Amino acid sequence: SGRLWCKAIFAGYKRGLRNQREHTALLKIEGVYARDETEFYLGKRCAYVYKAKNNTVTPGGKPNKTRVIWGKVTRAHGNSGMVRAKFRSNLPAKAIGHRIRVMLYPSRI
Amino acid sequence: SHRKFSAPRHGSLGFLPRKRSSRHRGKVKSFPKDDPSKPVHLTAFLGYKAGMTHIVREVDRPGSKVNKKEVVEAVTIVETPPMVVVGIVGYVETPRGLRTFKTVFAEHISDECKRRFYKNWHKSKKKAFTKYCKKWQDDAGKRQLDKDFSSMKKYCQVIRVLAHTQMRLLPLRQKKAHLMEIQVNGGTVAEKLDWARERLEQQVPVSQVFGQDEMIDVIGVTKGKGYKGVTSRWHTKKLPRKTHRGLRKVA
Amino acid sequence: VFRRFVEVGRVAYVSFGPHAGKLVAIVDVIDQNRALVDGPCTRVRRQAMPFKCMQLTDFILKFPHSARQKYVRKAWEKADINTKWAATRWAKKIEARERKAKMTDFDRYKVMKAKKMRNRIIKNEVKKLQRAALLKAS
Amino acid sequence: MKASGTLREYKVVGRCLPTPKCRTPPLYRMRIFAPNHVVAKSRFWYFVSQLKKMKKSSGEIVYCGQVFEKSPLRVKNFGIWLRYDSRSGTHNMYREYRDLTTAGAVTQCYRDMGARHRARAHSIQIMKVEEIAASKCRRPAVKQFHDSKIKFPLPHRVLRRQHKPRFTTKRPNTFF
Amino acid sequence: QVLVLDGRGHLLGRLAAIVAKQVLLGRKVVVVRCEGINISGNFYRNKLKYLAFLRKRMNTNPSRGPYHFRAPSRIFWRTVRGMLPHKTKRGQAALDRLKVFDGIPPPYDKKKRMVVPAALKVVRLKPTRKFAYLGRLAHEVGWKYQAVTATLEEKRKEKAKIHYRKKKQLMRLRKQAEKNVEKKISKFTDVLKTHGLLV
Amino acid sequence: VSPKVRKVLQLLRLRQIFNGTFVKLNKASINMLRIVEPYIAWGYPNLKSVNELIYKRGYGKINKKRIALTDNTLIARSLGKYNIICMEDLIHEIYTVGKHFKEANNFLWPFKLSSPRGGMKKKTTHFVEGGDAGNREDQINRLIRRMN
Amino acid sequence: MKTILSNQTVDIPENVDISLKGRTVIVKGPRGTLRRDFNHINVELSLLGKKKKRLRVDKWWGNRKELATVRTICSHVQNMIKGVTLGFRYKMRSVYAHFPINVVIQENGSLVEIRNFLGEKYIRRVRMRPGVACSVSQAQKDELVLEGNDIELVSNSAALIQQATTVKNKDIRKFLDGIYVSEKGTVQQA
RNA sequence: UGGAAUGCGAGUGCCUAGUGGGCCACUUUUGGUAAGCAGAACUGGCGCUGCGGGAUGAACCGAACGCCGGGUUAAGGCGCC
RNA sequence: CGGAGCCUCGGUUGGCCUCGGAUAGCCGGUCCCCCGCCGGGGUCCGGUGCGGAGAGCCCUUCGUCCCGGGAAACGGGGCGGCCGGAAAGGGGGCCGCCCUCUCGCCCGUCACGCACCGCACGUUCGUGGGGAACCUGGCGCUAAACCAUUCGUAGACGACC
Ligand SMILES: [Mg+2]
Ligand SMILES: [Mg+2]
Ligand SMILES: [Mg+2]
Ligand SMILES: [Mg+2]
Ligand SMILES: [Mg+2]
Ligand SMILES: [Mg+2]
Ligand SMILES: [Mg+2]
Ligand SMILES: [Mg+2]
Ligand SMILES: [Mg+2]
Ligand SMILES: [Mg+2]
Ligand SMILES: [Mg+2]
Ligand SMILES: [Mg+2]
Ligand SMILES: [Mg+2]
Ligand SMILES: [Mg+2]
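Chains as they are written, first to last, in the numbering used here: chain X, 1 to 109; chain S, 1 to 251; chain V, 1 to 138; chain E, 1 to 176; chain Z, 1 to 199; chain F, 1 to 148; chain G, 1 to 190.
Wrong hints could be hidden among the right ones.
[Unchecked claim] Part of the chain Z face toward chain E, derived, beta carbon under 10 Å:
#, residue
1, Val2
2, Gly13
3, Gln22
4, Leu25
5, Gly26
6, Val30
7, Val116
8, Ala118
9, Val123
10, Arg124
11, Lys126
12, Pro127
13, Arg129
Please keep in mind that the hints were generated in silico from the structure rather than gathered at the bench. The C-beta atom is built at its ideal place from N, Cα and C for all residues, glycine as well.
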């Protein structure tokens, strides 16, 4: 057993300087510091995973306090390896600076 | 526009805020800088303002109008019965300034000093230091004290004693003793602690701290005068008698 | 203090650029920043290259400044710079760098097992050498 | 004209439009250095108009084509005669460069004129470009490279991969 | 977990720019030896800069700010604060992810320190340019613990030297051990060389 | 937009930014293009430009509506009287500037082109200044590739 | 313009031994040793030959300011050679119109007392730099002799004395009193 | 052979509100030392108008607006904010 | 100091236990030579696009059974003592023990385990932080603060002595 996902950070939303598009999140992936290296991560699943007070059903398990918002990488952002991600719901601003799991599927290798 | 005629400002902004002292006993903000070549000695003392008189003496000031002549000089009498050393406190120099390192206390402490540790002596069971004192009386505890002294010799840079006053010899209503840290200047740190350790529970007369014709500094709290207006507090000019709404003001 | 000099015939390793990883020879110096280089035996056309993308090696071929590619190749083959290069630790470290990069998942597993066993053997011997050194101290 | 990218050398040939007075007007040729051929023709009409009673409306371009460097693998010294407008006058300069192509040397002239004199490309007229022998060069910056046994080190090599890694344990070494 | 940086030989503003972006992404950063930090330009023109800052004070009540911190650590801290949106909860959370120290107090004295080559003075300055030392500048604007910090930094270096000699000793044994057991580990040494781990 | 430029841009049918049209060149039209020089990038399209422009983004003006040319009958019913009955006849009339260029070209709705992918240089100055306005000759084709 | 190379060489006398620790120059001679650190200059120092030693200074790719530092290093190194072989001897004369300037040497020539300078009651006490010895001149009246191996220490020592005896609030073109550096020689003439 | 190009459906009639303080900019221009001053021509603006950029700003630069998704841009930018 | 659980709060999903520094120079061996309270300089020898490399190193987890080959035998696991650390102090190493194992590692042999029938929030740090309680054992503790009263070195009232 061991980790099966890459470590990312929720850097912020899509934006100009004074307008914010919350439907797109900018993700920073550990070890990906150029745009030509982001190609592996396009289309891969992304998960904002967190905990709440109330229990919720777990697929393949019993209810617990873990919750997840799923998404996926949609395209690269910039020159230094940032990617754009989209989630089933806009990410909460409290998630900025926190871990975003990037899964190794859908596999293309 | 510019003020018509120049005049210096009233009062010093260097003594601000003109508030009530948080302490009743004068605090030594700076002790004399330590010179490891002098013998171990104390640098401060506690006394009580008794009152003022005047004396007669013959001045010796060549080139003066009062050379070989008698003058009347006012003097202050400060009653300074011997203090009792009750503890040692060590300090370590850190990049954030001095930090208290280790405090040791003598085995015995008089009730005058213990009164300092209480807000209501009447209602208290006088339990202060009743468990600390047992450390000097057993072999295990004694072996820890000398380890504390050895630690203070390794690391501390400043040594101070904890001396208190003897209020049972003064004529004052107060029986609670005034307890202050006095810095031990002089030789090496080890010599400071040897000197201090021999003097736990001992008395120190003022004559062992000061000498005749010595220039000293007196630190204390001034006489309180309560709520005062600007005329008295800051010595501003009184406004003319015709002023409406008061003249003991700043216009 | 300086041991490697930009001069006619100096062989320079190309660290980045379209010709990264190749050896070229300084044929001529254009200005402070650029040189005319040639790679007749290393698949580089004669061209200008900045000194920024160059790392001087310890080989210095002997041909006249701005001699044509025929004589640069001739000097390259006589000095056997290709085989001499591969014998240097510098070349070997490059080879090790690429061997590790291409390691497969199975290769990484086998290295972990070999490394696991090799490190245990060394540690046990070091323990014994430390204990032996202790007895001399006593 | 913007001196964008590396300039190319164009051979532009033009003439006045034939008329009953002169059915075969004389042909004129210019050396033009420009980013593209569209700019090259534009500058031609700007220059001939300053020398002849001609302009795009009363003339035509007969041939526009790039002149290729003839010895792109040989180092040469280029003398350049140019005139330019400063903030407070016009001046004639002679300048020298070392390069493999004549259009590369002319590009260096535009960057250099911009660096040392804050002269925008629209205020520079390259009058003449010649290849000059080492013995005829005048500028000591160019002549110091006329040494058959030239050698020199590369002192204080600055780390240019300053963000790969962005954080490291060892400090960089500048001596090689 | 924690990114520990060594401030010696780093230029003040380039270190702050990188550090500020790091704590805004949620990483903890410790910068030690802030007195070892550098600023480009001669010392004098950098002293005049802080004296110009020192003159900024609320004319009607200086106690209400600006607060002119004199420690090289706090000077650096305020410089990182100037590159953060510190008047919002997000910026203040980041600002709490940064610790700044003069000297190297425990536990960082016995941990490895990383550097930032994009802020190193040897990289970013021309060697002929003048520069200032944050510690000297701080000492000459009211900092009081320059002499003590140097005293304690010399004790640390003496202990670190003994630690280094112990590590060199344990490395000389390591090389000898590899010769003694060369026969037994030769097979495993071939796997590593085959894949680039050992050259 | 100044009144004289506003009228000329309306006659070219370029009433919107990044709209496109073919304009057959002659003294009358070349001098109209000079009035609108700051507001247009123009030049000479090659055969490939005429193909792609009319296939991807070609719409006919049929009963004053904008109808995609998805079927050949759309062309034939309107321009058949000029013997233009297929997209190839329409591309040949435009590309070679035939006898009925006017009719076949007015038939085409102004091309709605997208923002240039990869950017511009400087829309506010001429092409020969390093900008975008004016006549760039055959270089229009590079622009057409990035906007079609 | 950057110049490809600019260099100068220094000849080392046989009785002087020069060693380099990077850019630190150590010159050892009959009269002692002088160490100077040139780490504030980006040059290249080289010792050439074995029988007739030489010191070379190189500056690759130097602009006008950096080229000016090449000879400065050579001149300093030559002075160090001069110091450790012949030494430096500055002489000073004391000038006065009315009030004699009395000089007393204390502490084995490391302290100078100056009295009655323009009749002032104030006593001036000038401390010589380490490695510099002051002495009254037995050969001439109203003269001092400063000797040492470092030219800058000796010449700085003399500047201290010369500026100690400065006239104030007078016309210094008329009131010329003072001690001045009158000669710059060597301890051992050779 | 509806006799230049290009574009576009036109003509016509009743009734009619508000307005009738303007102000700004490129260029031209009068008075004035000049003015964020007074007074004109041309066009375009603000007024009536948001939006991206010029930190901030009636008028500058880009661009004009139904409620959205994706893409791409302009003018401007890309150490950190 | 030595059991089950119940709330609530979140994030995280291996570790690096350290020379000092130079940058027109560095790093490691070498004590044969010279100094010092085992350390410094010299010599000599190696490395230097740093490989005694953070472009790195260490650990690596499917488990168990049977029997072999390498590796260990100076070994793995487990209660008592002494150095040692102060800038914001060490659940490191060492010595005893009565115990406790021949398994931990590598290459093989031999089978087995819910093989839950393609699918998410899996996998740690985690006896995590804070809060109530419930037990269940041992050794220990039996205070002060404020009000009220008094004082007048204080005082608008509070506060203060
Ligand atoms: Mg979890
Ligand atoms: Mg005044
Ligand atoms: Mg009245
Ligand atoms: Mg202060
Ligand atoms: Mg794009
Ligand atoms: Mg405009
Ligand atoms: Mg006078
Ligand atoms: Mg006006
Ligand atoms: Mg209105
Ligand atoms: Mg309108
Ligand atoms: Mg608008
Ligand atoms: Mg502005
Ligand atoms: Mg959009
Ligand atoms: Mg900005």
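Hint by hint, here is what the structure shows:
For the restraint placing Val2 of chain Z at the interface with chain E, the shortest Cβ-Cβ distance is roughly 12 Å, beyond the 10 Å limit, so the hint is violated. Violation of the interface hint for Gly13 of chain Z is found here, the shortest Cβ-Cβ separation to chain E being roughly 15 Å, above the 10 Å cut-off. Evaluation of the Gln22 of chain Z hint against chain E yields a held restraint, the C-beta minimum of about 9 Å falling below 10 Å. Checking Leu25 of chain Z against chain E: minimum C-beta separation of about 12 Å lies over 10 Å; hint violated.
With 10 Å as the threshold, the beta carbon of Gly26 of chain Z stays out of range of chain E, its nearest partner Cβ sitting at about 16 Å, so the hint is violated. Contact between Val30 of chain Z and chain E, as hinted, is not supported at the beta carbon level, the nearest pair being about 12 Å apart and thus beyond 10 Å. Against a cut-off of 10 Å between C-beta atoms, the interface hint on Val116 of chain Z holds, since the closest Cβ of chain E lies about 6 Å away. For the restraint placing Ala118 of chain Z at the interface with chain E, the shortest Cβ-Cβ distance is roughly 4 Å, inside the 10 Å limit, so the hint holds.
A distance limit of 10 Å between C-beta atoms decides the matter here; for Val123 of chain Z the minimum to chain E is near 5 Å, and the interface restraint holds. Proximity of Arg124 of chain Z to chain E holds as hinted, the smallest CB-CB distance being about 8 Å (cut-off 10 Å). The beta carbon of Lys126 of chain Z comes within 9 Å of a beta carbon in chain E, closer than 10 Å, and the hint placing it at the interface holds. Checking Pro127 of chain Z against chain E: minimum C-beta separation of about 6 Å stays under 10 Å; hint holds.
Annotation: interface hint on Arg129 of chain Z violated; nearest CB of chain E at approximately 12 Å, more than 10 Å.
Hints 1, 2, 4, 5, 6 and 13, counting from the list given before, are not met by this structure.
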